[PDB]
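So that we are looking at the same thing, I have put the structure below in structure tokens.
All protein chains but one are shown in place.
The letters A, B, C, D and E name the chains in turn, as written, and every chain counts its residues from 1.
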Amino acid sequence: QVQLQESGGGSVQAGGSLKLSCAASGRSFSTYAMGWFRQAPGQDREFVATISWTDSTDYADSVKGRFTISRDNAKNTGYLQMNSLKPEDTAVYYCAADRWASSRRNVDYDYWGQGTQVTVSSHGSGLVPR
Amino acid sequence: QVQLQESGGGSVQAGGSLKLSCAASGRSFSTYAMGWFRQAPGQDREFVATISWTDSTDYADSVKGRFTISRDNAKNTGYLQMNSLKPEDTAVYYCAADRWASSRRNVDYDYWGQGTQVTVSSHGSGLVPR
Amino acid sequence: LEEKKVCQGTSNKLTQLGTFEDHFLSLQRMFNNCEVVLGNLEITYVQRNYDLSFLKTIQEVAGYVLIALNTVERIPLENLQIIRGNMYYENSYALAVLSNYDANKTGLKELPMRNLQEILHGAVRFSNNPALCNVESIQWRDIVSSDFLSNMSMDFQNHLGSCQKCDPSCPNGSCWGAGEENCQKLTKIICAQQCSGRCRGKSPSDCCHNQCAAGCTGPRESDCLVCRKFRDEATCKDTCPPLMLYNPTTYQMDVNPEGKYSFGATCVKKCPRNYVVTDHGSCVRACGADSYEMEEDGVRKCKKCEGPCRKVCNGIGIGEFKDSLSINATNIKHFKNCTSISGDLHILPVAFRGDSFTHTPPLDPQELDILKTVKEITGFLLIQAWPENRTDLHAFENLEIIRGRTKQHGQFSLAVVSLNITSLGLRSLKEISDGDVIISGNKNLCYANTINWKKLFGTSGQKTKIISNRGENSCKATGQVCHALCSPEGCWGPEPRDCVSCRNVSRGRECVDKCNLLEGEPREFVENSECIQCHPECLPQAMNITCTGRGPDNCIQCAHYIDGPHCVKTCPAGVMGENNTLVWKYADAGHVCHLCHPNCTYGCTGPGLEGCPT
Amino acid sequence: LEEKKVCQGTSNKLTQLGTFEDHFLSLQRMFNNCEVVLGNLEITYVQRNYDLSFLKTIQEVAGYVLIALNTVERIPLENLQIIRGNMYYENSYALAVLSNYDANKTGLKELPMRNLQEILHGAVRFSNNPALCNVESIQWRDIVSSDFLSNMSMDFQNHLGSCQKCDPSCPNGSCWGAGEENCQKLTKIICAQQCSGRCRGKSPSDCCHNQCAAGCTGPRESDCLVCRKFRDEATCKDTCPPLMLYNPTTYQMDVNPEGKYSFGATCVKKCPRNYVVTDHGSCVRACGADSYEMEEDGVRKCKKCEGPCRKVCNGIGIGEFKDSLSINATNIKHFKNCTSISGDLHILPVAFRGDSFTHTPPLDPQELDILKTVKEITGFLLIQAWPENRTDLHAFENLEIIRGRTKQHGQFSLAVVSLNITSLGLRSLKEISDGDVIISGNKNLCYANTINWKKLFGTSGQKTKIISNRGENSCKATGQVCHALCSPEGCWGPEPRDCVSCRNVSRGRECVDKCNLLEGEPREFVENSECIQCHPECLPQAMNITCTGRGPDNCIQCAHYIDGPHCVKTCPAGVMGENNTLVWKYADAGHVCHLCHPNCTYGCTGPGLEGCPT
Amino acid sequence: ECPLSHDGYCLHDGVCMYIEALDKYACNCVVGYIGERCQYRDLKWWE
Partner (left out) sequence: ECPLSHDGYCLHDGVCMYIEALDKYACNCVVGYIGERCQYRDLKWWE
């Protein structure tokens, strides 16, 4: 029943490091589980990561071990450390939240942030991911 | 509407070669598509291979490139050359047939052969498959 | 297009209409631009060439299909998708493909029916197909339903061997014809265990709803390519949600917005006017033995009939007279007290002359009286013969309405052709709920094109085709036009009793100029443009009107004695008094009635004791 | 076990029955070994300890659940799986968990309801749960239905902070309690897009049927853990296949073997005897305004009623009198011409003395006459008060049958307790279709335990509990036992009119020894062990019987004149003759009747012309 | 060419014809008359 907003979306070199954030616009932040979703341009919107309102983390396999979602109750914010970035990461990223669920289905989160573009440079500039 | 019968089921060294056969007991053999199925002991019955009544071959991926099903209309028989055998092959083998279908579903073949045991020796005696 | 444009289809089987061209042309006319075939696809006697482009557009057929004796090379039925097949060819097969060859070994060759992927019911027949190619490779199990594969007796005898070879990439060498497009499209066999019904692909996501027939474009119930049972708009349903949901909690019935009416294959909110609406909530065509047609505020309802029922006399070619294909001496017997005819009426020539083949006696012209009992017909009427004896259609004097829910070729509720009759003489026929009227081929039938049909038609699309009937030129010369007393609206014959509506007034059923008010034998009154006879008590008046009502209450003067305006035969004796006590009155010279004195037992001839000596 | 053993459940909400132990014990008695809760689970006032082992066995509840003011530590409702929740707590929530704490900060702590995974309807309430632990971690969306999450107002205020920590391996730190078993079992959220309904796992194969509630053990329709709508044996159905399938082809109805009757949540082939069977094919409890209960060969059928209807008077606590919780001065008004009582009858003390709170006038003892109109009751009867004025139950003189489809606590169709009445005086009550009879707490009520109940009971399981009623020891002393004329079978009072069955014969409703055949004022005949009075025409005979039938046709001798066995007042005048012509006859000294001569207009006093001078 | 059994079965100028295909018999109705016994008149065209 509260709004959201992202920050940190931009461009980076293939294989770089970045730090995204998702700030909750309202109250009772601690009560809301937080989730990140991405949509590759010209594709369908897909799941990225989540963390329950009971502080239980859960990753999608693609980003698993390269991404670290987190949340700060005091500041009503969430974070996402992203290392060993891949050109495949380039997408439009959103963050959703919900009090009564910590699932992975895009349908179960009905309060949404507005999102930001995240880009990782082409293979040319960087190296071939590991 | 005709019966079937297998032949060649037995024991072999891991990585050996074998030749199975399936003889049709009746008439109109040419009109029947022929299929091979296997069941690993203590498992469920699974698909192996098939060849349409229109002489169109089709393999399961496990046996693909290691097995060669065939059929002889004149003699009313079918064959299966089996090379680079694996201990995983040990199972009870059946051959089914049907005039009006050349599918892969065990349900679509309603005239069945009686089957035979086929065994491939343990890793100990032979080598580690490729 | 909301609905698909339909063609009626034929059941004639091997009847050749004249020469091959003639039959071919009858076919072309029928099935041109046909989208869905209501009847049966009888592709018979299609000779060399006779290009059949127009057939491509045909999508499906309700009934069976018969492809026989077709020496043609190409039969492009590519867009043909499915066959419901509610009827079988000789109670055996849904499709019969037989004897497609010529003397010179040229027969059916190309048949790229790549989209034909389902057959709900029935088997298939194959034999005598020398030229047939490609079709051989079809793995039928995908298409045909499991129940019938035992009944399926088919054989590919490719004696010629001049055949094409399927494009390699086709699924396991199954192809309808040359090219990648003609590869056999199978949507049944690749449905993994999980998917019980049809499927798009192997991926378990692609499980189509059970209620789909030809396949689907997604799992949702609306996405079915062809609705199995019912087509409720996009959605494909099993049975229309009843009018009211049974409430589990209260054990009552709650009005259901989803509630709809099952009309054939459509869940609708409204039946066609003529059709019977049940309290069950399904549009039906006739009541069973349980009950008759109860008129319930202008719609037919099968309200239960107590004790004896009006019942329904199975019309010819239906139920208990389906064997018989024309009412003859035999079946006519069972029409004693028929009020509702649940079926059709076929009057064919053979009935009258008698059939050697079926051993049916000649229909006696005298036996046409039986038809007077008949009052209504659910279906249509066909009359192709009439006895020499009678020229007027007396038999149907009291035929009132033709419901015509079932029509001959779904087009006509009535047909009278090639008859010898002169006058229509249908003087109770005042409504045809639905169905067209065709009057043609009558040599000397006047009165034909005189009726105002717009009045008699109640439904949108009721047409009229009245041609090749005796021209008014001839009829008028011999005075076979609407009698003076018949209104211009219409007339059934030259008699005053055959007028649809009378000019002014009528004595019972016979139109007349004006009622016998002033003089004349029956002293009558005028009610609702009709003359009805006064009760005998009403004394005739030379100048004044006699009465203004049926009962004796409205006589101006009494024939014998008077007891007020109510003219009684004689002064009442025993009229209702105190607790049904007999009352004795006495007549007077002036015909006035007054009460006697209690004393006089044997009546009184005067007031008091002095009245009655003994 | 075919069915699960049921307990009735309570709706009393916050009513404390005496002390905490007393209420706890009432609960224990009720819900001991209960498998499925018919009513509501009101866990209120459960103090420290009060071990609740017996509650573990409870699986589900039809209605809402109220857990309030429970300072207890452990509430092991582990096997509780689902809540249908057809009723809401204050029209808001399906579950209300409130104020589970004590003054000393000890409250609900452990709650390992690991199997509770579904709630069809309603929301949930949480507040004042200091001690509550583990439950906090529940991700509710899996359980609760999407429609209500807005109405859900819940809050975990773990002020204490002395709580357990979920076993790591639990799905994302959601656990009901300590240990691997108490990890929250979620079967909704992991159902991939494809699966609309419940699921076992993520693998698309595991799509459960839509008709499943708690989940499934496979895709087939029978494999549902709990049937959503109907439980047709193993299978879980949406609505019972109607009696007859609508035939798409013929547009008719065809008898369906699958056809069944919707009785609550069961598709059965047969209703309970007492329940009404509709032509629709669902077992129902009462007819609507449309029609009344038409007796159709020993089963109730709502055959449509033409014009004026008998109608149904909504019994108290149902429909139009649901507000009122006891028939009082107000609601009683609307019982003018009640023939069918569609509901119950609550006669509470407050009705008579009047309620200040609801502003209801005192029920006038004189107004008990209204009840004479009532003939039948669909449901049960409760009487907990009766006016001082009357001791006999005159009001129910003409109360015939108590259908008792709905019973108080599904157990009793009648209840009369704590009354001042002395005699039952129910002299038309001859059937109780179903439901038990409990007569207790009557100080000075004789005649109680004299009736042969086995006759009056028609259904298996109808029990009788008649205790703490005036002992026969006392009653017999003062002669308050079955009168001489009442058969031993049973008697409702000391009066001869209150006998169930008469010894020998009866004058109307009052039993007697033998009919007045020989002498006595009413000359009567004996038909079917009853004495009926001869028609006045039947002349009394000192020795012989007078008549053998009601009508005058069976008199041995006529009082005045004789015209054969049919005794007529006088020789017929105007009797039916030729086309209703008046016939004149003449009396004779011997009372013989003969025809007069046509001549005599004023009647005749002899044969021929000589009879009638003038 | 038809045996006596089936000879003279068809009406309205129908003529017996031998179905070689499956050894049956049928009627060859004239144009404008349809049905296996040539009984039904063409309704949609030509009267």
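Everything that follows uses one rule, which is that a residue touches a chain if its C-beta (ideal position, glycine included) is under 8 Å from a C-beta of that chain, and two chains touch if they have at least 3 such contacts.
Of D:38, D:87, D:294 or D:348, it is D:348 that touches the chain left out of the display.
Only one of D:384, D:487 or D:541 touches the absent chain when the whole complex is considered: D:384. Within the set D:22, D:51, D:233 or D:290, the residue that contacts the chain not displayed is D:22. For the chain left out of this panel, the touching residue among D:387, D:441 or D:611 is D:441. Although one chain is not drawn, the whole complex shows that of D:6, D:36, D:38 or D:98 it is D:98 that touches it. Taking the complete complex into account, residues 10, 12-18, 22, 29, 68-69, 98-99, 128, 325-326, 348-350, 356-357, 384, 408-409, 411-412, 415, 417-418, 438, 440-441, 467-468 of subunit D touch the chain not shown.
Assume only the chains that are shown with their structure count from here on.
Each chain gets one centre point, the mean of its Cα atoms, and the points for subunit B and subunit D are 68 Å apart.
The geometric centre of subunit D is 71 Å away from that of subunit E, both derived from CA atoms. With centres set at the average Cα position, the gap from subunit A to subunit D is 61 Å.
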